[PDB]
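Trainee: Use these hints to put chain B with the ligands onto chain A, whose structure you have.
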Amino acid sequence: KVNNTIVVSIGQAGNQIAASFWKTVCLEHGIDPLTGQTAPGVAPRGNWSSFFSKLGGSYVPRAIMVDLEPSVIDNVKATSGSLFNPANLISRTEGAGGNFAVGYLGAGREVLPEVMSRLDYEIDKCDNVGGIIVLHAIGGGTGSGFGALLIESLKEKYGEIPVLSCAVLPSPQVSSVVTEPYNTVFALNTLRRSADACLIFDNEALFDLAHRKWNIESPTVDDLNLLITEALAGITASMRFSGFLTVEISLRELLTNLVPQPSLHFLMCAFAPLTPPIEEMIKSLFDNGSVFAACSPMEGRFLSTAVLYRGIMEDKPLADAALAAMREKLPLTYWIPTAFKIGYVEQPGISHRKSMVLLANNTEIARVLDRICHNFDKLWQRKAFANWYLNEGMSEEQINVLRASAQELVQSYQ
Amino acid sequence: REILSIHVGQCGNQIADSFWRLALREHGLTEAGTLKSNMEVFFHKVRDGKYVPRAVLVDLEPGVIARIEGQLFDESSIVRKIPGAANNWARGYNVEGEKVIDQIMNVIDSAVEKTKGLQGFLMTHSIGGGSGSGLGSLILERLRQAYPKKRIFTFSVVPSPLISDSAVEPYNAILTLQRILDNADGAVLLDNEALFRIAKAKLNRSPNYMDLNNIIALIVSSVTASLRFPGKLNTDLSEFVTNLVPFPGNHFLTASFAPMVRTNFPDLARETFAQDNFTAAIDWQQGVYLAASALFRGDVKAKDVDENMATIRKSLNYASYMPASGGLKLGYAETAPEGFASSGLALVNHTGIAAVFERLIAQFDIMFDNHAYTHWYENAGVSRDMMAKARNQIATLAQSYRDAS
Ligand SMILES: Nc1nc2c(ncn2[C@@H]2O[C@H](COP(=O)(O)CP(=O)(O)OP(=O)(O)O)[C@@H](O)[C@H]2O)c(=O)[nH]1
Ligand SMILES: Nc1nc2c(ncn2[C@@H]2O[C@H](COP(=O)(O)CP(=O)(O)OP(=O)(O)O)[C@@H](O)[C@H]2O)c(=O)[nH]1
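Quick mapping for you: the protein sequence lines, in order, are chains A and B.
Numbered per the entry's author numbering, the first sequence spans residues 2 to 57, 62 to 282, 292 to 428.
Numbered per the entry's author numbering, the second sequence spans residues 2 to 37, 46 to 78, 80, 84 to 273, 282 to 426.
For reference, chain A alone in the conformation it holds in the complex:
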């Protein structure tokens, strides 16, 4: 038995990204995602118990999906079949609709007890849980509000379990809800306060990464969630595969190697190679645009990077020399010399015979949030769309405190 990880997904982006995530993870283990049962005659490759459970039996994922509208959960059910436990699937009707306060004080409050009934049911089935991954978009209302409520009640009742968040940020190219600044700042406060770590995505960055660097004239959001899924598969392969040359990395150990200070726990990620199914690949991983966020991280400053290779290793001394050579021309912080965690996995991804995933802590992400904060400067100088936040239960002073906490995070980075 190995350290466990429960992935709770909230909101539309979180649930669809989770659907693709366990799709690719199951087909990495040789498990059919649309059914949830293992392939006959084929053993699960790696440590399945970290993210799955033998429910008698079936290799069911330990995923909790909640959404205040039924459409997304029903779509995930249609595209995934009997993979997830219907008990672990909780749905409401009216939705939150871009409103944080609905998921925070409102429908979120009444849907919370069943959600954590399923959650502590799942965690009681865990052997030694060392992390919880919250897959969501903090731009939306259900995602932000219930991610906030869920992580807050976790860290008040638990608190020895690390929390990795995976939040989809608004695209600077286009917004999808006009209350995304509100939801993002409101959930960013509790991500700072409650979640021990957070992973950040951005849609149009994945668009430009999958348009010319995947050979599709116009990729859909399916390919964006597929890129995020490849990122998550590479990141969690350290928690999913064991052996001699490979090193096992728990989410707590990954937390320790990625989080030097309690407030420095928002992470960037990148994937290599950027080709449809070595030194050029080494620079492909660390390109200015290869990160899954709308920024240029090479003028920022990497705090600590987890570089997880997975696949065949024929030139390990030459590749270690390549990492040593590239470290000279990368922005690294002086106060953590051991900023590189070189994780290895013998088994590669399905799409590529050899791949790498970058999971970095960089200061540039702050300026990313800053532009979101800049958007918060527009909806709050005029007091717009904030009537329903007040009506559902939040307050003027509460919103001011949450925005001040987001600014505290941004100034803690710099």
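Nothing false has been slipped in among the hints.
Ranges between beta-carbon positions, derived for each pair:
#	chain 1	residue 1	chain 2	residue 2	range
1	A	414	B	177	49 to 57 angstroms
2	A	163	B	154	43 to 51 angstroms
3	A	428	B	118	58 to 66 angstroms
4	A	62	B	78	52 to 60 angstroms
5	A	36	B	126	39 to 47 angstroms
6	A	198	B	420	39 to 47 angstroms
7	A	281	B	285	20 to 28 angstroms
8	A	281	B	78	57 to 65 angstroms
9	A	36	B	85	39 to 47 angstroms
10	A	418	B	176	52 to 60 angstroms
11	A	388	B	306	27 to 35 angstroms
12	B	336	A	129	52 to 60 angstroms
What the simulated footprint calls covered on chain A by chain B, stretch by stretch (three residues with Cβ under 8 angstroms from a Cβ of chain B suffice, anywhere in the stretch; the number is not a length):
#	stretch
13	96-104
14	224-236
15	386-398
The hints are simulated quantities; they were obtained by calculation from the structure and are not laboratory data.
The beta carbon of each residue, even a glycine, is placed where N, CA and C say it ideally should be.
Mentor: Positioned in the frame of chain A, the structure of chain B with the ligands alone reads:
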């Protein structure tokens, strides 16, 4: 995830006619309800082939409901009331409105009592009539006070600027828009001459109200497209209220549908948010957008939708409190109306719709000071003081739009 549609007045009933004429085969059914993607939000389960659109066609001086029943509705919920609508708001409110409100709300609460879960109401009417104006206002009053947690949306046809079909229609319009303010959290306004010019551009011969109401029907269908056609980036009516209504009483929307078809997507998106493609003649040059919802459906590609930013950074003019790349409620639906591989809807909270309001104000500013038609209200139970305060509320709303620029 359930809709009760309210249809008061001749204009609202013809809007409903076209609305279900396209909504039925949008889910693969004929007009009579025979089978030829959760479509149960509009329709109640009655028969395996007959998915009944539970929408009340309540209207004084029925007249047109006979040709509506000739396309099968639920005959029990609808009523062909004893005539006498005139164009008097009070005649649909308290003269003959008081002798129909008990029955119509018995129908409404019988329809919503058998609902697994409701999201709100989509009412189609014309504010310029007497039945769809006064009866609609009374229904709004006794529906907001009955279900304050539900979200009423009104698809109201504002009277035309160029020519009029009623001689008391600004009175009715203002004194119904006041009730729409005090009783609903969402409203899509329709202007007829904009519909005529859009149908002139779309077709090659002279249109009529049926084409205009087909356009209105496409508008209403695409309003709830992301709610009944669940794809990616779903949208809800609660979401419409949260992200299209920046201030408590500012919930009046202007809507454009495109195209007017295996068209290239940049053209579809740039002609969706076209100043001359919207279905309400509002003020664009001096006006600005408060909250634009782009609901694209069909053969839409996510990068295609998100890369069409030229029409937003070039043509769309926003208010100072909205971010330059923001102001977009994006929605994706897997299904588009037939004849369109990919289609788009722009639902904009806009300042210029106040211009719509003010033209009615202008008419009211010349009638009330001259005691023009107010005795028709006074002898019917509606005094001049309540008309004056209703116009005061409407003028305050238009000033709120002018201050939100
Ligand atoms: N990479 C992906 N991003 C997505 C996906 N779905 C949505 N998104 C992105 O999420 C962002 C909006 O967040 P959502 O509205 O989906 C989260 P939520 O359902 O909780 O919002 P409400 O329903 O309003 O409460 C937007 O940028 C979308 O482009 C997806 O399947 N993959
Ligand atoms: N743009 C559209 N306008 C319409 C349509 N039908 C009617 N109208 C116009 O709406 C305006 C007023 O609508 P109505 O008088 O039909 C509303 P109502 O039936 O309640 O009036 P009364 O029955 O006389 O009390 C008038 O210009 C009508 O010609 C339509 O399908 N589309």
